[PDB]
Amino acid sequence: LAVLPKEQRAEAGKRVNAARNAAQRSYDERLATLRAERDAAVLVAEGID
Amino acid sequence: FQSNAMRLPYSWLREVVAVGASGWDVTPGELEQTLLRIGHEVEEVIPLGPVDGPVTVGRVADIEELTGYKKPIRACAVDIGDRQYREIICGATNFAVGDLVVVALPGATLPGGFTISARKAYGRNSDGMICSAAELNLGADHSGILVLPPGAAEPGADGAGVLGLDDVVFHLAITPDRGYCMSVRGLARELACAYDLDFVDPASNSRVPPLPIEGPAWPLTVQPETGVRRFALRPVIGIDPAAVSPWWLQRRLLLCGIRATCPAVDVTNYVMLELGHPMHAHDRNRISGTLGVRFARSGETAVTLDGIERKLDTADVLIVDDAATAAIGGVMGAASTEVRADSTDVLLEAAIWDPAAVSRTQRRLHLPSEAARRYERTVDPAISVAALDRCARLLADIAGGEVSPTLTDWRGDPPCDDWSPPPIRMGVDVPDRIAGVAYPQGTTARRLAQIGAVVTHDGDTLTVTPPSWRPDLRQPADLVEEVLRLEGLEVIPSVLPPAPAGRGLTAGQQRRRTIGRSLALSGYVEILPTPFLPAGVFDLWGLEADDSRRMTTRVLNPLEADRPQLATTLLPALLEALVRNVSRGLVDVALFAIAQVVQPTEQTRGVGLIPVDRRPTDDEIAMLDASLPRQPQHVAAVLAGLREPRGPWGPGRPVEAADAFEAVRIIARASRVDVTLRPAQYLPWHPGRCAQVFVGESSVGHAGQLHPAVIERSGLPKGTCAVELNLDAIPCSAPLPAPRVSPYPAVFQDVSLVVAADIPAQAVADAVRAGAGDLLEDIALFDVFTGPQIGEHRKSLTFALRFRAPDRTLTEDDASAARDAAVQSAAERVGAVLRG
Amino acid sequence: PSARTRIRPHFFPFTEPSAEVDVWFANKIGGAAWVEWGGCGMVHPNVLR
RNA sequence: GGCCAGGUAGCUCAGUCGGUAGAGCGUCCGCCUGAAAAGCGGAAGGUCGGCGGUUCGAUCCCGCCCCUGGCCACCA
Ligand SMILES: [Cl-]
Ligand SMILES: [Mg+2]
Ligand SMILES: [Mg+2]
Ligand SMILES: [Mg+2]
Ligand SMILES: [Mg+2]
Ligand SMILES: [Mg+2]
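Protein chains in written order, with this note's numbering: chain S, 30 to 78; chain D, 2 to 837; chain P, 12 to 60.
Hints may contain errors.
Computed spacing ranges between beta-carbons, pair by pair [said to hold, decoys possible]:
| id | chain 1 | residue 1 | chain 2 | residue 2 | range |
| --- | --- | --- | --- | --- | --- |
| 1 | P | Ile40 | S | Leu60 | 47 to 53 Å |
| 2 | D | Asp414 | P | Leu59 | 33 to 39 Å |
| 3 | S | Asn50 | D | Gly832 | 56 to 62 Å |
| 4 | D | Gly607 | P | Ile40 | 39 to 45 Å |
| 5 | D | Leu497 | P | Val58 | 19 to 25 Å |
| 6 | S | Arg59 | D | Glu527 | 41 to 47 Å |
| 7 | S | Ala39 | D | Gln3 | 54 to 60 Å |
| 8 | S | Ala39 | P | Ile40 | 55 to 61 Å |
| 9 | S | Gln37 | D | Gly543 | 46 to 52 Å |
| 10 | D | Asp821 | S | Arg59 | 55 to 61 Å |
| 11 | S | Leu60 | D | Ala828 | 46 to 52 Å |
| 12 | D | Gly607 | P | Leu59 | 24 to 30 Å |
No wet-lab data here; the hints were simulated from the structure. C-beta: ideal position from N, C-alpha, C; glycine also.
All chains, please: the whole structure from these sequences, using the hints.
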């Protein structure tokens, strides 16, 4: 976006911001889901004596 | 803008001491030791100067400003005496042509080391510099050069002589019980005491009679309950606004940390420094109607004479007139009546405000003025008119005008006429007894009269009436301190007391040492843990909202605004310390702490003030203790990285949960109690590697590996393990064993039992002990096996058994019977199946 | 037995007479000097009461 | 509570006044070694102290706040 001319950046940045947020949002939920599974696996794992 | 301690030049002090004791003179070094000896902390001894060579008075004859540079730059010709002129480039801006200034010419040496040679600057030559008070080591320069008042000296006069540079400035930190020592008056009196000198009090009717009192001056009303003790007013009419203070006055104000402004204000500060009674000057033409002293109303404001608005509260005492606030009483005057350039008629104010009221007000408003810090330590009410008269005469002397023969002197309702505190009765030998020194006969009466008290002597009792400037003298112990400090503490001998036979350390105290020793021997390093929890730690742990650890005592004003909660558990602080050490290169770490925690309850709240003139009753004592949060001693430990370092013997052993269980057993052995460990779920521990620790059937804590999410969210190392026990819930114990050593041989057998995988190994061993009875001398697990021969969710345990009789050799069949009874006990209590 | 101490009159609300004890601290930052060690005195009669 | 300077990676610090932000040491991998380290080669790791606002987009601009170091000040 820094190489773009000054008046072409506004419209390009919108697309870039929306595309990056879409992928960032998908990462957050997957991180969460995999964290929840890790903690639920901790609960049912057999303990040590 | 405001200074701090008691500064005064030696010459002034000497002058006042010398009136009574002609020619008294001591070195600064001796004076320092004498002051320390009698109880005045000497923070600094500042010899003025020194200067060498041509540092002389000069007069600015011509100024030429120099444009093109960052600041205004003046090219001045200065008359340096004997009709000679020097060009000098100077930076400052607080002088005009005609001013007497102090020049340091080529060949001079300034404190300290700055050799003055003719230098160039801004395309012009400079035969020296015009000095500031700082550059001369005279005072604080106030970002400007020093102008001497007209007539102070001639151009060419020797600067060191004119400036009195052979003086020495003492900076003392006066203790708050000695308000009378915030002046030359009190300090001179203390020295006359310490040197046994005849003393002339500078605040008495002395050398000139008091001023006449032919009628009332300005009218005054004082609101009841304001704590004003005295309020005197006397005007000086028709002073010369163009007058300035003479050099001797300006210098003394400068040496004492006070910047000189104009004669009316300079005189109030000078007399305040000399006598200890703060004085205020009002422009008399700017007062509207009756002067009133009253409390401030809620939300009221006042503009002090620095142009700053102050939010007032209702405990602040004001001086007002009909139109505006004249002063925040005893703290700072208001702009409305302040003396200024044009003022010709001055109304001088000598008042005594309530010490506590001034203390509250000045500290809340952050105005520790020269007046305020004197009134909060109390001011001698007997000298208000004496200081008033001294002030008025001095001001008429400097600036002209007439001292009016009128005086308003309000001395309370009803008028108080004797300002001495109540008399104190004390045995004549009481100082001797407290000191453990037999003082020469008559020492106590001599010393107490020296400090100004009236002493009457009947039998072996003194009746001692303190002087009005000593309101700190209220009981015999106060008087004892006076005698002892003047005689000097060095005469008191050093004698160890006879202690009765003590009982030494308590059991709890001994046990804390033993636990400490043992953990340190096992590789743990002690930290002393902060009681302020990390921000949101229990959220990072994921604790339930009703977890008791979240019920914390809170600090109103903590070190870190985000850490006001006091710790209910030591683990947060230990874990923070763990991260700290690991972050600095020491990845293999074991830390412990032994410290109290803070656990409030329902009854954790305030208890109102109880009068301190009696013992609190046993019910009040118990209510005070019951109102505090519970504060039990805990012991805790954390470990991460390698538990055992690598070496020639192989690569070393990573920390594991079993190391945390061993730390529990180290603590229990040190405490000489038995513990049992049971599986538990309890954040922040891993629910499958967590033990709850029991003594008897009382829970005392938890141990094991921390939960992986807690580790991830707190930035802790993988595998961190931890222990925390409540020491106060571990009972003391005094085991008295009486072993009997059987001379007969023992029998060794082993036994393999299969149990469900969730049965703890220790519950099997206990069942084996239970069934086997008295022949069983020892049992030790040595094998846990879960291979393919063992069903799923089951495990095979094998124990080494040692049997021995106290009175016979056993047969193999005798042990086998005991083993078979153990096997049956294990089937009955834990479902064990004899391995086949 | 060789360390340098000194006792001098001072003040505390709960003692009378009061004193402060300094020790000669050779390694003080900026040069050796007396440094406050602690406070002391005879227990104030208001405290006993 | 006053003033000055700061807050950037695991540690010690540069740097950017709107779209790429780093170094030295610390961590990880390959070659190498029996295993290491060095050397060569190559990676990971930062919400640029917090929260708002402006903006398509803020470590950087605006506002409010918190904290660190130093120098004052205060005091049991
Ligand atoms: Cl089986
Ligand atoms: Mg006293
Ligand atoms: Mg056998
Ligand atoms: Mg003190
Ligand atoms: Mg850092
Ligand atoms: Mg927007």
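- Query: Does the Cβ distance between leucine 60/S and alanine 828/D fall inside 46 to 52 Å?
  - Reply: This hint holds: roughly 50 Å between Cβ atoms.
Exercise for review: Check the following: the C-beta atoms of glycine 607/D and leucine 59/P are separated by a distance inside 24 to 30 Å.
Suggested key: holds (26 Å)
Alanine 39/S and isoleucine 40/P, beta-carbon distance inside 55 to 61 Å?
holds (59 Å)
Exercise for review: Using the beta carbons of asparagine 50/S and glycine 832/D, state whether their distance is inside 56 to 62 Å or not.
Suggested key: holds (58 Å)
Does the beta carbon distance between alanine 39/S and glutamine 3/D stay inside 54 to 60 Å, or does it fall outside? Between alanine 39/S and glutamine 3/D, where Cβ atoms are some 56 Å apart, the hint holds.
| request: With respect to the beta-carbon atoms only, verify the hint that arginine 59/S and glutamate 527/D lie 41 to 47 Å apart. | output: Once the Cβ atoms are compared, 43 Å apart, the range 41 to 47 Å for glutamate 527/D and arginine 59/S holds.
Taking 39 to 45 Å as the hint, is the beta-carbon distance of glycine 607/D and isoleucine 40/P inside that range? Taking Cβ atoms as reference, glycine 607/D and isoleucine 40/P lie about 42 Å apart, which means the hint holds.
Worksheet item: How does the Cβ-Cβ distance of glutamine 37/S and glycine 543/D compare with 46 to 52 Å: does it lie in that range?
Response: Distance hint for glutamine 37/S, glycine 543/D holds at roughly 48 Å.
Range hint compliance [Cβ, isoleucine 40/P to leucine 60/S, 47 to 53 Å]: Given a distance of about 50 Å, which is inside 47 to 53 Å, the answer is holds.
Do the beta carbons of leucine 497/D and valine 58/P sit within 19 to 25 Å of each other?
Cβ of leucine 497/D to Cβ of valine 58/P: about 23 Å, so the range 19 to 25 Å holds.
Beta-carbon spacing of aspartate 414/D to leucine 59/P - inside the hinted bounds 33 to 39 Å or not:
holds (37 Å)
Between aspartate 821/D and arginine 59/S, does the C-beta distance stay in 55 to 61 Å?
-> holds (59 Å)
Figure legend: structure checked against the earlier numbered hints; every hint is met.
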